[PDB]
Amino acid sequence: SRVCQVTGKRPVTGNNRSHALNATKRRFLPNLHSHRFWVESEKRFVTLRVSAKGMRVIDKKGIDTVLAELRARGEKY
Amino acid sequence: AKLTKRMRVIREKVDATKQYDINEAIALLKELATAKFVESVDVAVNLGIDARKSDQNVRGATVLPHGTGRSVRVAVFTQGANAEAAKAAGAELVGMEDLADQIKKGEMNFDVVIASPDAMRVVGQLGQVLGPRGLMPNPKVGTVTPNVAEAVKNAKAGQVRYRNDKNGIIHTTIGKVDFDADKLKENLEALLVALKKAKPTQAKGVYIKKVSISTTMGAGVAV
Amino acid sequence: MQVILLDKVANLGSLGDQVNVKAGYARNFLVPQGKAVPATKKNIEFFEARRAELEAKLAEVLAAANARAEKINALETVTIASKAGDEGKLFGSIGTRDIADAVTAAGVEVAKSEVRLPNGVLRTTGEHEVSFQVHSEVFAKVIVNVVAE
Amino acid sequence: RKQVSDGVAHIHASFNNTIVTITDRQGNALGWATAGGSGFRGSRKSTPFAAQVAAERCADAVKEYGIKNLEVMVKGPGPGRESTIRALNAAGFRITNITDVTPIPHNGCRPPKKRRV
RNA sequence: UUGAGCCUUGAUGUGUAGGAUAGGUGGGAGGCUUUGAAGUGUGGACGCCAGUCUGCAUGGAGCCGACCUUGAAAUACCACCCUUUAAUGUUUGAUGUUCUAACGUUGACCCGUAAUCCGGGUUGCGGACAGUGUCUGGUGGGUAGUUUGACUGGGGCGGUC
RNA sequence: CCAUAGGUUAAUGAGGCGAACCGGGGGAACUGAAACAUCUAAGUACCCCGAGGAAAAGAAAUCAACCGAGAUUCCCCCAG
RNA sequence: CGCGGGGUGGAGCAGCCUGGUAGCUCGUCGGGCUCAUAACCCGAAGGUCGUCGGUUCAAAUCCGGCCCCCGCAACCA
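Residue numbers (the deposited numbering), protein chains in the order written: chain BX, 1 to 77; chain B5, 2 to 224; chain BH, 1 to 149; chain AK, 12 to 128.
Keep in mind that the hints were calculated from the coordinates and are not lab data.
Please note that the accuracy of each hint is not assured.
To be verified - Restraint-style ranges between C-beta atoms, simulated for each label pair:
(1) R27 (chain BX) with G92 (chain BH): 48 to 56 angstroms
(2) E60 (chain BH) with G74 (chain BX): 23 to 31 angstroms
(3) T65 (chain BX) with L58 (chain BH): 50 to 58 angstroms
(4) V9 (chain BH) with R162 (chain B5): 19 to 27 angstroms
(5) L117 (chain BH) with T65 (chain BX): 14 to 22 angstroms
(6) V103 (chain BH) with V39 (chain BX): 55 to 63 angstroms
(7) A17 (chain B5) with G74 (chain BX): 22 to 30 angstroms
(8) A17 (chain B5) with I80 (chain BH): 23 to 31 angstroms
(9) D183 (chain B5) with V9 (chain BH): 18 to 26 angstroms
(10) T107 (chain AK) with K3 (chain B5): 48 to 56 angstroms
(11) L70 (chain BX) with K112 (chain BH): 26 to 34 angstroms
(12) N28 (chain BH) with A20 (chain BX): 55 to 63 angstroms
C-beta atoms are modelled at their ideal positions from N, C-alpha and C, and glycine is treated no differently.
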């Protein structure tokens, strides 16, 4: 799965559809990249998987209000 | 504005791709004035008429209630002792058959005319030279009035003129580049009223559109 | 890109107003340096207050002021040189102390090399001019030493 | 757009055409004329009757460059190889040098042996 | 470095008769040019051969109005409007320029690790390429779903519907 | 180097099982349209993930119509 | 069985499908270059563009039969 590790964006069910009367499945897949961040509480760099719409959130909110509260129990990152 | 040694040094403060906030443009209007004394601004009324049709051609003026600055030289048409208190109120010249000998030659040693109804019987001999100079008084305008001394004092607020020949919009002076933009709006409101009282019969479709003021390398902004 | 400044920067800043910058420049400098953020005008007072404790604690590991930024304008020259290969090439990078030093005082590899390069140490044995690294607010160049005499 | 008043010219005369160029020392062709420009068919194009009426048609091709002093280069065997030069001198221009640069055959590939009759 | 569009600005502008190339047009005596006017032409465009601009020979703060007199209308000073056209600017495609930082290594090395993958480090060489996505012009019987007229003491061509 | 990947030790949580129900995911063809693709059939069939004693929903940037409602689900109806 | 076309100087092929309207080459009958013929060049002679009615300003041309033909197909149980 192409998961945006910084937001939980996953693939979704959906149809292609065009100007045609016959309708066929698509299932929307994300574009998937990596990005590296600094954690001032652990004084180390970490690498996370990122995607469109999701990578737009973290840069806007700030890592000290996103990545600094992202662990649900630890997730070994 | 003309490109000069004292103008280059303010042209370097502005970019050909950049526009300004309404409140910053009313400062740029004075920056762009290169003279050591405060310059004057001309404003366009946004119209509304065919640029060359004579049955849509506009020509006239209106007198302001308080004015924006400099005063006008006033002449009074009245009889007898009634002129002396008008000379004390704001008249520089008196309408007499002695002065009518200069008026019939087209020579107006004055900027505004006020008339008393029984002396208007003399002005009706001269209306054909006062007419094409904007000077002819008329009862619908209130420039024919018995209280002439108070009315010449009312004239010192000055007047704003408007006419076309080849353009559908009309350009005219209204005051100094240092005049209050909120009071400019009030005098432009009085101008737009006089322009609706001066509306030609055949002015079909849209007439009064939105009005703005323009600067070099800042574009027009709403008044 | 519109951002608001959190610290006094000589090139840009508007009090209580966003300023234009490139997002790429911001993401390499002004953002990771803590000096700017996109919007958050409503929240930057609480962020500034959340740095106040962090910098008060940072003074426990480093509170010292720099004395070297005042000294740079002497254009003081390098006294160390690399030992060169038979072919007229160097062994490149291995440690930050066998390079650009002028005082021979260090006993271990330094955290800040005296010169700034995208890739450490040049393998050419000729005379070349490099940018002297003290702090990202004062600038100078110097030539490399190839003689040590 | 000031006149240059100095330069070079190149003359070519083959057995089938006279082609004249007003040139620059950098190897540019500034204006040209061809003897087939007079509408003449075959080896007519190599005679003085054709080449002598290409010269002022070539001076017209540089009418915005402005000419006065010219160094001339000449190649090829064609009879028109000098009337086109005198016609250009007679147009009010002054020849700084004349040099012949006609090739001497070197390798030459294959000749007619075996020549058309 | 420049193709394309667009902004920006200057030269304009006359006949006829007379000083006088009044472009239009709305105001009008103290205001303006120093990156600018003169000379008046050598020479370039245009030409009423005057003049202005490109740029000189070249200088370098002025100037202008009265008297005189043309005309709907004036000739300092200051708005507004324009044809044609180029350069500066600008948006946006090309051509190539250096150089790392998105991206990449079916390069090399050290360590995890007596591991050809992976992870961390090291040191080279590539690259604003690839890989990929939103939207989309076009293709695609390779694959797949479906449609595919009737009469005639027989059928097909023909005829009939 | 310090560190950390890596290594070790102690503790908690999960693991497998259990009838039917239940949220989410993958997703037809037949059938009807007396013929077929949209439409109907069907989010059925079958397969997958995951979980509770129920699952699911909720008290409004919802629903009305100038009257007002004031959570959701289940039932008869509204309404062929 | 028909279908679509054709109906041309002697032969072979144009034009047609836009009525203001019979043509080219080989031939046939003579001129020119010739000693002589062919080529070439200039001239002449020729077709009821099937047949009878109809429609019209008019019919090789359109409209209905009759009449002679070319080409395509003349085997399905």
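Tested hints:
1. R27 (chain BX) with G92 (chain BH): 48 to 56 angstroms: holds, 50 angstroms
2. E60 (chain BH) with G74 (chain BX): 23 to 31 angstroms: holds, 27 angstroms
3. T65 (chain BX) with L58 (chain BH): 50 to 58 angstroms: Taking Cβ atoms as reference, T65 (chain BX) and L58 (chain BH) lie about 20 angstroms apart, which means the hint is violated.
4. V9 (chain BH) with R162 (chain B5): 19 to 27 angstroms: At roughly 54 angstroms between Cβ atoms, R162 (chain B5) and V9 (chain BH) fall outside 19 to 27 angstroms, so the hint is violated.
5. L117 (chain BH) with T65 (chain BX): 14 to 22 angstroms: Check failed, 35 angstroms falls outside 14 to 22 angstroms.
6. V103 (chain BH) with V39 (chain BX): 55 to 63 angstroms: Roughly 36 angstroms apart at Cβ, these two residues miss the hinted range, so it is violated.
7. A17 (chain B5) with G74 (chain BX): 22 to 30 angstroms: violated, 58 angstroms
8. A17 (chain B5) with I80 (chain BH): 23 to 31 angstroms: violated, 54 angstroms
9. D183 (chain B5) with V9 (chain BH): 18 to 26 angstroms: Once the Cβ atoms are compared, 37 angstroms apart, the range 18 to 26 angstroms for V9 (chain BH) and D183 (chain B5) is violated.
10. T107 (chain AK) with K3 (chain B5): 48 to 56 angstroms: The hint (48 to 56 angstroms, Cβ to Cβ) holds, given that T107 (chain AK) and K3 (chain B5) are roughly 51 angstroms apart.
11. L70 (chain BX) with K112 (chain BH): 26 to 34 angstroms: holds, 32 angstroms
12. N28 (chain BH) with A20 (chain BX): 55 to 63 angstroms: Roughly 47 angstroms apart at Cβ, these two residues miss the hinted range, so it is violated.
In summary, the structure is inconsistent with hints 3, 4, 5, 6, 7, 8, 9 and 12 from the numbered list given earlier, while agreeing with the others.
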